[PDB]
Amino acid sequence: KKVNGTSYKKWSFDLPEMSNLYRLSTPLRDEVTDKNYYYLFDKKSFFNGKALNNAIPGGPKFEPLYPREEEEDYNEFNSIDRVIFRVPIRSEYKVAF
Amino acid sequence: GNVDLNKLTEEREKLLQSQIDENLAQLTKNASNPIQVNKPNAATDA
Amino acid sequence: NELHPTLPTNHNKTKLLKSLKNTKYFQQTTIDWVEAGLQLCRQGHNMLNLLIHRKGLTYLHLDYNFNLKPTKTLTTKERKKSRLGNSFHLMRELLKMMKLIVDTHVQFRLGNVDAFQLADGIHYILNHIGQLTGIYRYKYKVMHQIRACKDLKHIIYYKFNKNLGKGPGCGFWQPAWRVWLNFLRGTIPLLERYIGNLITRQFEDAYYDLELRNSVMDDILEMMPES
Amino acid sequence: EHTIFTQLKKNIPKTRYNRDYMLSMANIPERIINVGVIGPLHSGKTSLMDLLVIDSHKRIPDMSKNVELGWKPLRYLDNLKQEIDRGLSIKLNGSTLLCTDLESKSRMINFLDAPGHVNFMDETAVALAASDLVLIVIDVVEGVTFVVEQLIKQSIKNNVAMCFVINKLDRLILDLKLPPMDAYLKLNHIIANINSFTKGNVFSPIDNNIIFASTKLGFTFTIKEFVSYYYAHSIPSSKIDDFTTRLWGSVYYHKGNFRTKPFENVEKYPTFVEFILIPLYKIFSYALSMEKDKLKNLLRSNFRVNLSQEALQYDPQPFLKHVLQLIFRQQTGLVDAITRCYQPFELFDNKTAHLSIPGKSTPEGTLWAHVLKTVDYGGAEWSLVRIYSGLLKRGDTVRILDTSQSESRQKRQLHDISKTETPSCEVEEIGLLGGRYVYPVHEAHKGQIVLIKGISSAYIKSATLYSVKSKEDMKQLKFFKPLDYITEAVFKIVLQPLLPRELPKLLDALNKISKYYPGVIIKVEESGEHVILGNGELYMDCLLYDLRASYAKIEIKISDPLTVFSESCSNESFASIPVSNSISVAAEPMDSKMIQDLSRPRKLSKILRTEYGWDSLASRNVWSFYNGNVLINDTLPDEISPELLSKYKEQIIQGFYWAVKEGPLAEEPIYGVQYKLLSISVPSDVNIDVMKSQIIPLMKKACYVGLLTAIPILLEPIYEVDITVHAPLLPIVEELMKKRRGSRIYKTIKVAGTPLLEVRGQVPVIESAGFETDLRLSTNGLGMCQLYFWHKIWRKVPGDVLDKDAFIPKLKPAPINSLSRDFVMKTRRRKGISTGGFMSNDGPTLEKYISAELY
RNA sequence: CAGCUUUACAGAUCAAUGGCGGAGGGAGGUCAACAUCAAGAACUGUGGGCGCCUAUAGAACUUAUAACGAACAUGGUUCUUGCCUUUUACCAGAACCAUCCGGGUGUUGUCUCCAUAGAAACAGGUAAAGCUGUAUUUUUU
Ligand SMILES: Nc1nc2c(ncn2[C@@H]2O[C@H](COP(=O)(O)OP(=O)(O)OP(=O)(O)O)[C@@H](O)[C@H]2O)c(=O)[nH]1
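From first to last, the protein sequence lines are chains A, B, C and D. Going letter by letter, the first sequence gives residues 291 to 387 in the deposited numbering. Going letter by letter, the second sequence gives residues 155 to 200 in the deposited numbering. Going letter by letter, the third sequence gives residues 532 to 735, 751 to 773 in the deposited numbering. Going letter by letter, the fourth sequence gives residues 102 to 518, 530 to 693, 707 to 725, 744 to 998 in the deposited numbering.
If you are wondering where the hints come from, they were derived from the structure by calculation, not from laboratory data. Do not rely on the hints blindly, as some may be mistaken.
So the derived list for chain D, only partly shown, Cβ under 8 Å to chain A, looks like this [unchecked claim]:
#	residue
1	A912
2	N923
3	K955
Listed next, the in silico PhoX-like pairs over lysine-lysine satisfying Cα-Cα at most 20 Å (straight line) [as the list claims (entries may be wrong)]:
#	chain 1	residue 1	chain 2	residue 2
4	A	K351	C	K681
5	D	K182	A	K334
6	D	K669	A	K384
For every residue, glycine included, the Cβ atom is placed at its ideal position computed from N, Cα and C.
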């Protein structure tokens, strides 16, 4: 009665056995499940990075996904002498916001 | 694909006679082509 | 993969159909897997030979571990005769791979072996196709798969060997196996198609303007089917 | 008229209580509690609201299978794509619920889900303004964080009744795995902290103020509620209150029907622990761990509740949640607690006075409402408005006044003490909140908060709407102040649109942003550089998304993030020199305490001054400050008391105001200065208007001169910084702090019964720039930073401005003394004051700066 | 310790009214065949049973989003890198279609185990199950 039957399609347990199984697993699949661990390592984050052509030192890199076209050409906006470079502004940021 | 001419074809079918078809004027090379061929060739007869 | 998902819909599977309607498929012989594998390998070997026969009968001959090579009479004409297709080569490679895994199982079943060695052997097979046989010579999208497998192996080995243990002894073939399965799945249909084509060997930009010219002419002709 | 209404009704969830009844109730005040649920980031206030919504409704539409089961939380009041995807509640989308009490006196509740994340205090502020009770929520684990304390403080300003909800018992039961005694102790500690944070009142489970909860597992209760459910069988009705009272505190219960002696014998486990916490623990353990049959039996016996056939086959967490729900019934306890908290209407008057000056109301003759927030509930712009008095019917034509036009109006009224209504508004439709629908209604009523659809055109951010019928009525009327959007903006961003063919579109969107997000000082600058002061990064990002996706749909360039700096001095002034095209003035740096006071009747003023900064009588007499910046303007020469030229001040200080607004150094506002007039050489030939005009420039010039004299500085703001790290990652945090320029660790507060070192701090907003992300990455998903500005704490940008040598590198960050100047120069450039890629600062007038200050 | 409801019952008259239906199974199968696929589901239409449930079929709008499948391989064309110059065969990134490899849900039928009446209650008895209960100022001393 812990399964549907010999088809082996649905399964349904009690606790102690499950616990035991989990314990057994522990060496193999110790994925650290504090959600926050994956800040800037979620699929969404990765996608964002890809569409921004941006890395995370651990994370993957790609072909940039849009035409890499610069030519902003230094207006009163986005000049060197107007904006102030106190912060280094890493890629880590660019995907995180 | 080939839709814009179907109507035209239909019209043609409707209109023409056999006699008319028989007397379609065998066409003259309005951009006098063979003369030009002759002339360039003669100029550049190797 | 995550970025580009894939959708299916209504379908009727092949194996089930075969089981049901088609003779001469009688069914459900509960084989020890190894035996079945061996049988498959044998059949694979047979099939290639058959295919060859159907073509111009070649000088080359297969090993039972499928490593194709020429017997003798190495000439230009011969080469021309016996280039055949990359699909065929790929199939052969696949068969070889199967044999290798099946052969390890066979070895395990008999003496001169171990269970640990079996797992390790399997791992070696999977995580080195690049060593053991070239499918990468015939369909290079195998190469991607191979690379992936290698990466997986690498991941495992650090994961495995935190302790003093370091060397060839390691099982855990699962993710590699999965990868291989996926690859097979990707490749099967094309292979099947190729096979079908082979068997059915008796039965079956700027051109636009030209096409227009032709089509219009045809239409005109149709319009006037006179004397 | 009717058909449309019917259609609207149809496109909505059908509710367990009758909507008609609710509407009827809303006619009658004292039956409408406006509550703002408000807390720290991820308290679970939204979740709680969702629970309430669930309880209310029969079936909810988007309520999928998983949510029902209880894996994913359902935030019914998330609504918007932004929010659904983000994980943060990001605006004020509440709802209106008829709820019964313990003893079912039905009462309609205008609930408002404030966001927790600090950078949206704007929304929190709005909620506070709206709400007369404020359901503070707290995470058990993170404890009473500084944020909570701040909220409490700022709620006691408002002012409001503070019901507390200690949410996340589940986390101390399950995650921290506290012994029940330990848990109890922790709770007590939390309560104590809360009390401390509070000035006047005292908070405890007794007297229905605390409400213990866990929204993940989906159960809230008060002690009283618990007693009602599961301690009425065992005891008579006379000794129930007494029992309840006994329940909380250092009190024990050794065998005796029904005594109960304080202290004590043999075994521990107090009354609270005994009759509540322990039970909860048991429930948890049996729900997860026990064989099911036994649990079922227990639940049949001890709680009188039946597990269905399906419910037995649930997975543990969901199952646990279900069990909890079964136990503690649809959350009336919370409602009861809220009711108990709200006095009511002793506070209400005071609150209204605070919002809109003291005085007296006028019910029948005129209706008045506080247009609080503009929002986008159902795509289109609505206005959430609290009708304070009177009743606002559909299609009524209504007066409006943006709380910019409020102080001025008041002044005018005072002066007064032909008819002139300045703007108007046709009220096209009105309805209730909310979650995922507006329930449309004809009548707005004195007490209830409602979304109105006509209100927008005239107003932006906050407003007062009304409908008078007389001069007397008008006279009586008062106008709400603008909301003290607690945090106050700092964080700068400059927009351009990528293809300026669509500047107009951007502008349009920008207006919407300003309206919809009300903590958004959007200055349009002279040089086409449209500017946005957000609270901070995340908020700004959200706003950008709203703009760039929804309210505009354009590729929109975005500057690296700046901050507003402001102008102040270190030393006092040394030479008041006038200017002519004739006044001279000079300024002193104010005392820190005084400044702080300012940030948070002449005789009275003098007294206050004396109390604060040890100022003399003369000093007290002289002063006349402005702007809430803050600067102080002193009339302190010798001749002015005999003179009637220095008399008539109302005109004179216009110039000063202007100066304060836009300084010398950066045209970036002045702060933290006590100005002193030293001479006003007015000629014989008056021409009064002309003279006034002259003064208006001249005063500004004088101020500038004074500032220059006083060794002026740009002040950076500082972000006060919460960091809730796991203890052994504090060194990492410290390292991180060290790595950047400005930063400081004031106090490492160990949170009670957790591994979380709540390590408060200071960081200059400029050098923040995604600091949160940096913190999180470094600390491997531990220690959610929070940055904020409630304090309005500014500071020196290190070093001396007005030094041409300064620094080495252009592209890189500059050193600290050097930086003193660099920012200033860049600010100037941005403004359009300097001329060139290489330039300097100096202040006229005159005489070559007094011959370079006499060499 | 009282009440009514239900089950087992004993023999009643036996109406009587209600219920129960004038009785059609419940499992499961690496058994098939047949549809129909994110769950929605509002809302409208029409069924069948009572402002509303249960089936359907028509879009709205949803959020899909993480998981029809906590799975991931492969084609084909068009655009774009790049091998380059080419047949494959490809590097690596788009777009839109398709291809396998798996899946549920009901409609049915068939094969292996578990079942098992052909109708009961009225009037209240027996036995159990399910809920409801100590006068001195505001209810009944
Ligand atoms: N362990 C635990 N988690 C909870 C509890 N309540 C809520 N959560 C989780 O923590 C998160 C916070 O819930 P929300 O309601 O989104 O928080 P919030 O009050 O909306 O916070 P804002 O977004 O700032 O308004 C969710 O992902 C919940 O699943 C609780 O009592 N215990």
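Outcome of the hint check:
1. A912: With a minimum Cβ separation of about 4 Å from chain A (threshold 8 Å), the hint on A912 (chain D) holds.
2. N923: The hint holds - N923 (chain D) has a Cβ within 8 Å of chain A, the shortest such distance being about 6 Å.
3. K955: Hint on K955 (chain D): holds, closest Cβ of chain A at ~7 Å, below 8 Å.
4. A:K351 to C:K681: Distance of about 19 Å is within 20 Å: holds.
5. D:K182 to A:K334: holds (15 Å)
6. D:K669 to A:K384: holds (14 Å)
Of the hints listed earlier, there is not a single one the structure fails to meet.
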